[PDB]
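Student: Chain by chain, the residues:
Number of protein chains: 2
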Amino acid sequence: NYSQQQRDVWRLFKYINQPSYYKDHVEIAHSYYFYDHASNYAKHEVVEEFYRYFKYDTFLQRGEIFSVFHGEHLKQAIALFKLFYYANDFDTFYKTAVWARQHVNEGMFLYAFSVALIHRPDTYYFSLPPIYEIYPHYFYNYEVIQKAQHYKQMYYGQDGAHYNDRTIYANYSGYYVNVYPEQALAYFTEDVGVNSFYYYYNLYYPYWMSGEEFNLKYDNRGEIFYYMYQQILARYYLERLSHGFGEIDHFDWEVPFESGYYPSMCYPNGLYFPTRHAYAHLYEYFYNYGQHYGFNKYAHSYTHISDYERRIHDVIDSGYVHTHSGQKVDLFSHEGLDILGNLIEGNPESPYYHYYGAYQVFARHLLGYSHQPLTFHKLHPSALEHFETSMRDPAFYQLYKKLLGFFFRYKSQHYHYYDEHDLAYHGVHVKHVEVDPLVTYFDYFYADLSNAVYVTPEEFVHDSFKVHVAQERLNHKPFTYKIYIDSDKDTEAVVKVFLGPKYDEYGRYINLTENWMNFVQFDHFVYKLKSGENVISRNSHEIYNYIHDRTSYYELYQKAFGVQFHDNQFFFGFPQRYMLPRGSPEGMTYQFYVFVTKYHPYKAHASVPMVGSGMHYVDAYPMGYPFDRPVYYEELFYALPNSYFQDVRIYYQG
Amino acid sequence: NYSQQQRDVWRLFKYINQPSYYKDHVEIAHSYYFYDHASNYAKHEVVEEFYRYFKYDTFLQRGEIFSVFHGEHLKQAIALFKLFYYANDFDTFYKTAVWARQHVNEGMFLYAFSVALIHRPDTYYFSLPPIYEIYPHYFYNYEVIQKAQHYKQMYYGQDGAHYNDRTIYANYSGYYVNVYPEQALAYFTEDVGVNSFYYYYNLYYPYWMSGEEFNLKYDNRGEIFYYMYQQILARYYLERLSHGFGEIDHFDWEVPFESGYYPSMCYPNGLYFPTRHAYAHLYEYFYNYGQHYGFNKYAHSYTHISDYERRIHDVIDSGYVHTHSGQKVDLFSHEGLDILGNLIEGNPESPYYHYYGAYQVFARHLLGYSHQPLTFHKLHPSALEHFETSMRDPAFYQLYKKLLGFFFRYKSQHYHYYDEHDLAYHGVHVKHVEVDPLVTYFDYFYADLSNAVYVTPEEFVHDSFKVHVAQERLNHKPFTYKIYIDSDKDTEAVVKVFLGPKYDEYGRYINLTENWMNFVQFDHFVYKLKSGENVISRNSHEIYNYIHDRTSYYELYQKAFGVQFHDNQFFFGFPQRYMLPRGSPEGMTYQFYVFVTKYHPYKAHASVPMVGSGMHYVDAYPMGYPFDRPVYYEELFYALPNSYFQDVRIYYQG
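Chains as they are written, first to last, in the authors' numbering: chain A, 25 to 587, 595 to 685; chain A', 25 to 587, 595 to 685. A prime marks a further copy of an entry chain.
None of these hints come from the bench; they were simulated from the model. Any given hint could turn out to be false.
Note: identical chains are not told apart, hence a pair may lie in one copy or across any two.
Below, computed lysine to any residue pairings styled on SDA-like, alpha-carbon distance capped at 25 Å [said to hold, decoys possible]: (1) 629 with 312; (2) 67 with 663; (3) 526 with 208; (4) 402 with 35; (5) 119 with 563; (6) 634 with 565; (7) 526 with 199; (8) 501 with 57; (9) 526 with 203; (10) 79 with 638; (11) 629 with 663; (12) 506 with 598; (13) 402 with 457; (14) 352 with 628; (15) 490 with 112; (16) 526 with 618; (17) 629 with 217; (18) 526 with 348.
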């Protein structure tokens, strides 16, 4: 049944670094042969491609590091995902998944299987075990994995109820070593929930998936790319303001990269993560000094980065894009932001991928600053080269701020600033907003770390060994804010609440003209107004639209994890405990912007909740609609009756 | 009388940038002739030297910038000070002062006159008008001086009670321009009181005054140099911790100076203060690029700095000093810290001035980073080259931290860490300490800015024009702390209270081993204990021993300014309103260390309160006695019964 399919899906993720020792899994893997049948998949091309990869010494063996930002790794993972996705029936998909689990590389199998599960018509609504639990090596410092393995080695017969079911109290990166100050925001950048958010966003909309083939173009994906990255940057800026940090550092490709990253994580094969030192020179000569290369295109990541940056600048200035036809494509269309997002991201929907390329891929390779692989099968990728650990690197935020500057330039040059009438909602007036005291504190979070040790077959079958990891994760006391609206008739409005800063780290007031980009979508719902006075009450545990529209969320929770506050993986999901940025004992001061507008339903492609169905969104206004473009008159945003600015102090206790 | 002499002394300081238009002053200057008499001064050599300077085109004319860190400026100022000081009777001193006022350069006259007044036997107890009022061009941005001159130009007959007695609301450096972040602590570094403190300290113990000739060796001057600069650095560090800043930046002479200084002040001759840009190269070539020099020793300030730093390193490592005899002088004596202070400072008491030189002079010249003077009479000095504006430059604090590192090295290598017995005070026990809530806030301070404009003779005589400047200066609510001591007999003890940080800017606990240098002397008094329980009550308005022992203070206040909270100028004087570092709304957390010890009277050379008389001090223990040397066991300082650590939160309101 659906419950049994869910349980089997979860079973498939146990002890990924080891072969599946379940009897059914072993039998299925040893007896099944995808190429032998070759008829149960909707397409024979996908199976033929995967067979070509698998047989003729062009496949990533078990035990090798997998990176989705390496070309051949990506090609093989795509082939496996297509094999999983084009299974005519779920039974064939399960047999293929079991075989791949037992035979295909661990990281490659995990990525292909996850993308298939979120994207398959049948298994879209399947919950997935938290990634930080499945593959913990990417989420905890090696001082935690090594301690878990200490307990595992010591747990043998003697000393019962000792070295078992033990809680490892992990610290964040800067506890032991005095790492670079930017890594002081380690409890946020290295939070398992935030990295899970980024990883699940990339699972939902992979940078290599084509919107024509996989229906991701009905979700725009360019506006998604832009809005998701801008919201991540804005939430990071809010956290930095909380901790007294300033705006994210600006960096030049031609100046030594002033920031260094010292990861504390380790690969399951005993290989430590690459380290980027302070003031690292990013030039071909310096970042390939003392290396072989010769036929590695990533060795020249600097020249490719400069080329793609130049091309993006040119297309944004002109507003005219080059296509394979070499013709003139208008970028001023209604969906010009979408075209720009596809162009910059590098997804198969890019106007000309050969010309604009994957700027982010080469930027991550260069800023990761690790040795170029001697061979395909001997690769040493950095944090920036994985989705699960990208947010841990400050260079991640600096790189994507450099990217979003391009979108800001496009909007500034080609978008007309909103006037009073465009934002006006005649007959609606937000009288005042009351928000309960916003308090943020730290609490311990317990996660099943047992997947980081090597279990014996009996232990595997019975899960006898248990080892937890406890981590201080920011949490907030539940709050409920009220919105009072005085309408003129029974209209159907859309309410959009934003969270942004009012004062910078130096206490200076930030004008909306230089502050529109720092606003974080706090809630985005639809309310049916009535003539006269209305009161809108919203709880903290009812907000599912943080920095992202998730309208069909919680119906998947009520089914999969609804058989509380359990890692969803449904849509993207920002941690409910990280919604409010850390405050101060005195209370760092932010402001909430409340907006109300008439309903504009989105062009939903289909009713079924699914990636690419278009059912995600609330309204058809541009994402972050009031602040999606530069603001030329702050007093205009203050004077709108259907708007309201309200100031709150978030209090940190601990 | 004494009151009339005080009033005449104050009159001498009115409108320094202009000739004295008082009738008596003009008559005295025009009729008097110091060389004509040549007998009223105790020495004919001083008058002959000043005459040689004054006549034969080797004197600094009126209207030229004066810098005490220029060799020939310093020589001329010394000659004038010696002329003022060796006046056999006060009447001759007054006639000479009037003549110099009307004829000698303004800055040179002001410096020589002030040093003479603080150092003369007769006029030691004379109060002096606040320096920030006498010569405001060194204490306020030019946007204030130009506005005062606007009012002065507009104030002519018409528009009465308008453009007169006007209050100019001045802002600190970073209000208009987005200057380098280190200048964010502008309300402290640019506070008139703090700069007055430094200027008056340098008036009291000039770097060129000989302790043999002027009795400054009975005040050690080396321990004074060290302790004053260390306490200034520690108070600055406390302020930085308050504002979230860290430890003072360390800089290498061989790396570009990463910090830049943009002063907003202007010279009275319309010349703007030199600016040091970010990442300034300090090498001979770079900081003399495009300049003439050729016979300016300060052009090679870098080589001299390196030489003197090398010599200081060598003497501290060896502990053996080179003298004109070229012999071996023990630096391990009881007064070895004094010898080291004289050696580093460069005062005439230096063991061999030719060999160790004035490291601070050349360091200030190099870090000031201004054009080398084309001529003696055309000089463009920086903030670091004046005593009144040194503390405004972050390079000041970085330079003197680099200096005090030398003393730290000397103490670490050659001083034995205190044990339990050395610090023990048997029979004394500090039970607990109660300190009232420490609250710091901002208030407006009004200073007479009228000395920055050019008045007509009638206006000069009647002081018709009045223009004030209002500035937000940190102030604290009055507090009273209690110290409970349980003694065994009626002993006579010395109480030493220190203020230092407990947590750094990142919330980490600072161990005493790395925290002994950050403790600021809060109070240092003597109490006559009694057998059994004692309670010591001390008010905030009774503390005169902040970062400096001033035992004979307030008897000069009760006479000169006692005919409240008026700028003293007596001894050094840390502003009473800046005693408590700025807190936070949540409350930045510091700690008070309370120490009690048996009385060790200082070797007072004379009873009369005076510079060089030795009457300044309380006890004969080394300055900052508990923390004058590195701490090898913090638990030792915690375990001493006669000690006590108490934690306080200082609350910022505003």
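Student: Are the hints correct? Go through all of them and say.
Tutor: A quick look at each hint next to the structure:
Neither within a single protomer nor between protomers do residue 629 and residue 312 lie at most 25 Å apart by alpha-carbon distance, with minima of 56 Å and 67 Å respectively. Taking the shortest Cα distances, residue 67 and residue 663 never come within 25 Å of each other, neither inside one copy (53 Å) nor across copies (75 Å). When the C-alpha separation of residue 526 and residue 208 is checked against a cutoff of 25 Å, the pair qualifies both within a copy, at 23 Å, and between copies, at 19 Å. In this assembly of identical chains, residue 402 and residue 35 lie within 25 Å of each other by CA distance neither inside one copy nor across copies; the values are 30 Å within and 85 Å between.
With identical chains, the CA atoms of residue 119 and residue 563 are never at most 25 Å apart, being 44 Å at best within one copy and 83 Å at best between copies. When the C-alpha separation of residue 634 and residue 565 is checked against a cutoff of 25 Å, the pair qualifies neither within a copy, at 28 Å, nor between copies, at 73 Å. Only between protomers do residue 526 and residue 199 lie at most 25 Å apart by alpha-carbon distance; the minimum there is 18 Å, versus 31 Å within a single protomer. In the homo-oligomer, the alpha carbons of residue 501 and residue 57 never lie at most 25 Å apart, since the shortest distance is 53 Å inside one protomer and 83 Å across protomers.
In this assembly of identical chains, the alpha carbons of residue 526 and residue 203 lie at most 25 Å apart only when taken from different copies (21 Å versus 30 Å within one copy). When the C-alpha separation of residue 79 and residue 638 is checked against a cutoff of 25 Å, the pair qualifies neither within a copy, at 42 Å, nor between copies, at 101 Å. In this assembly of identical chains, the alpha carbons of residue 629 and residue 663 lie at most 25 Å apart only when taken from the same copy (23 Å versus 71 Å across copies). In this homomeric assembly, residue 506 and residue 598 never come within 25 Å of each other (Cα to Cα): the closest approach is 28 Å inside a single copy and 54 Å across copies.
Taking the shortest alpha-carbon separations for residue 402 and residue 457, neither the intra-copy value of 58 Å nor the inter-copy value of 64 Å comes in at or below 25 Å. In the homo-oligomer, the alpha carbons of residue 352 and residue 628 never lie at most 25 Å apart, since the shortest distance is 36 Å inside one protomer and 88 Å across protomers. Within a single copy, residue 490 and residue 112 get their C-alpha atoms no closer than 38 Å, and across copies no closer than 93 Å, so neither meets the 25 Å cut-off. Taking the shortest Cα distances, residue 526 and residue 618 sit within 25 Å of each other both inside one copy (13 Å) and across copies (21 Å).
In this homomeric assembly, residue 629 and residue 217 never come within 25 Å of each other (Cα to Cα): the closest approach is 34 Å inside a single copy and 60 Å across copies. Proximity of residue 526 and residue 348 under a CA criterion of 25 Å is satisfied in neither setting, with 46 Å inside one chain copy and 65 Å between copies.
Figure legend: structure checked against the earlier numbered hints; hints not met, in rising order: 1, 2, 4, 5, 6, 8, 10, 12, 13, 14, 15, 17, 18.
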